[PDB]
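Okay, so here's just one chain, in structure tokens, the form solved without ligand COA.
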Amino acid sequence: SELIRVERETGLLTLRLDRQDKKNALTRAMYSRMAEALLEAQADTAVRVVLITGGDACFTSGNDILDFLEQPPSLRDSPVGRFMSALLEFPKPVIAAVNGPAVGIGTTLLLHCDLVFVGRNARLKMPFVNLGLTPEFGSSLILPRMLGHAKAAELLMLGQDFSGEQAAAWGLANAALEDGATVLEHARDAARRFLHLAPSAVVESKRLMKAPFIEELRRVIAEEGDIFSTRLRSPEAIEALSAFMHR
């Protein structure tokens, strides 16, 4: 397994995306490995906090477009569906350390992390509409609720990109930091901070924070995914995806 690195330290499990030649574009095997690693982390009492990162330069350019073009349609039962579910239901703290591009699910997965640290010049976007597609990972619920409709519309109906500084100002990130290694070091220090607290107090607090929202979020994720799978098989999306590839 070389596209996802699973690294361990005292209490901390780090999932490092490592497909830099393709800007960490996410393949089925990467989703499968991340889901597997989250489910193992969830069961391992030695793991108290999970950190997700792509390293000092790049988080992820999003789902591999060739995966959208070939073998496209699966909802709940698929590698990406298992990843989304594993993260959504993950009961322990998850921390994202984001540099460079964070595109598509690279941004929407941050909506399911407990802390998000970004380089101030990171580049976040949800370009679904530019590819003839629709919102995913619950973003059609989460973003309008947090930001109001109009600001969420700029991101989702237009695919407007934004900086890490802007992400922190809007509260999608907890802090925007000096780009690079500083982001990951700060995220690790946040993880170490969690290690001093009562473990079940942290876990129960997170559970209570998600409990009023989780059933609706599961439903929206399902409805989004049905629509998304339908659109991926549609001519409008195939052409947009075909146009983005081979610019």
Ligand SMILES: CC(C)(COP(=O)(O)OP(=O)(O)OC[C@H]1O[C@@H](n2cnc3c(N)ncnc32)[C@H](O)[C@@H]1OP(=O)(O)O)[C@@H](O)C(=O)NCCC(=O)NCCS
Contents of the next structure:
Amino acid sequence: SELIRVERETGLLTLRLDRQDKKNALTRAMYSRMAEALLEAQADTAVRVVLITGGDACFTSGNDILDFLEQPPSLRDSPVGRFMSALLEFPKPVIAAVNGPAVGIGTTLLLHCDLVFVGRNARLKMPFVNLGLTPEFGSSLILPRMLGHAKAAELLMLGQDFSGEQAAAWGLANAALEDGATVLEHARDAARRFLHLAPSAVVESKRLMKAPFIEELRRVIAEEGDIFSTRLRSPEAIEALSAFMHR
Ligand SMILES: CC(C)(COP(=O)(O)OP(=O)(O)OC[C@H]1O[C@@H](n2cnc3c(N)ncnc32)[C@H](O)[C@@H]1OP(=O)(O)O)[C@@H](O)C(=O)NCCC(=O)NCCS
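For the form deposited with ligand COA bound instead of the form solved without ligand COA, what are the coordinates?
First the chain shown before, then all remaining chains and molecules of the complex.
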């Protein structure tokens, strides 16, 4: 139980990425632990809210690239695919607390959280195109809808990174805060606010908010994943990926 810590407090389940030497790069075993932690907590009436964080300095550099190179996953049927499906379908409040880098799925998973808090100077990007890859986790749908095409394109067709401050201005984050522990403390207070509300009013509000979009999102995630899986096995991406290793 070495790389994903699962602190079960009062009504609040905390998934804490703990792989600091690798900038919390997500392995198949981390995705698997998070997918099952979500799916259990989903059924655990004791659990009211989930918090996701990498701690005070780092959120996640995204997918482990070695994993991408050695064993290209089919996104649907894979640990990453099961993590994506689990978070997407998670019916209770999910809160992210982000410091430092949030890269690739480090940013896109935030598009499925109910509240997102970031350090002002966190570093967010979607470097898919830089790596011969394409958008993932429904970001090709969510981001143009939220931001319009041109602004989304800056993030997805150019892979432009952006600060936590900028994430809050655009509404990807709910607030940009003092970097470090403050981000987590404020996220914990938001979780405590949810504890004061009727569990089913919250849960049902969240379902109504996703209902008009979820079928299209399910279908977009499937198209993206087929493109992404194919590209991982093509030379363009293999070259860019092993180039990042051996930088
Ligand atoms: C997040 C990032 C900007 C931080 O950069 P940094 O401060 O220079 O720290 P490093 O890049 O040197 O990372 C430190 C170590 O973690 C490793 N690492 C970091 N991210 C990794 C990743 N996604 N996959 C595999 N290893 C990773 C480095 O290879 C390095 O390993 P080593 O110390 O054993 O040699 C940079 O690590 C990065 O760009 N990582 C990959 C981001 C990415 O492309 N994710 C996938 C998108 S599909």
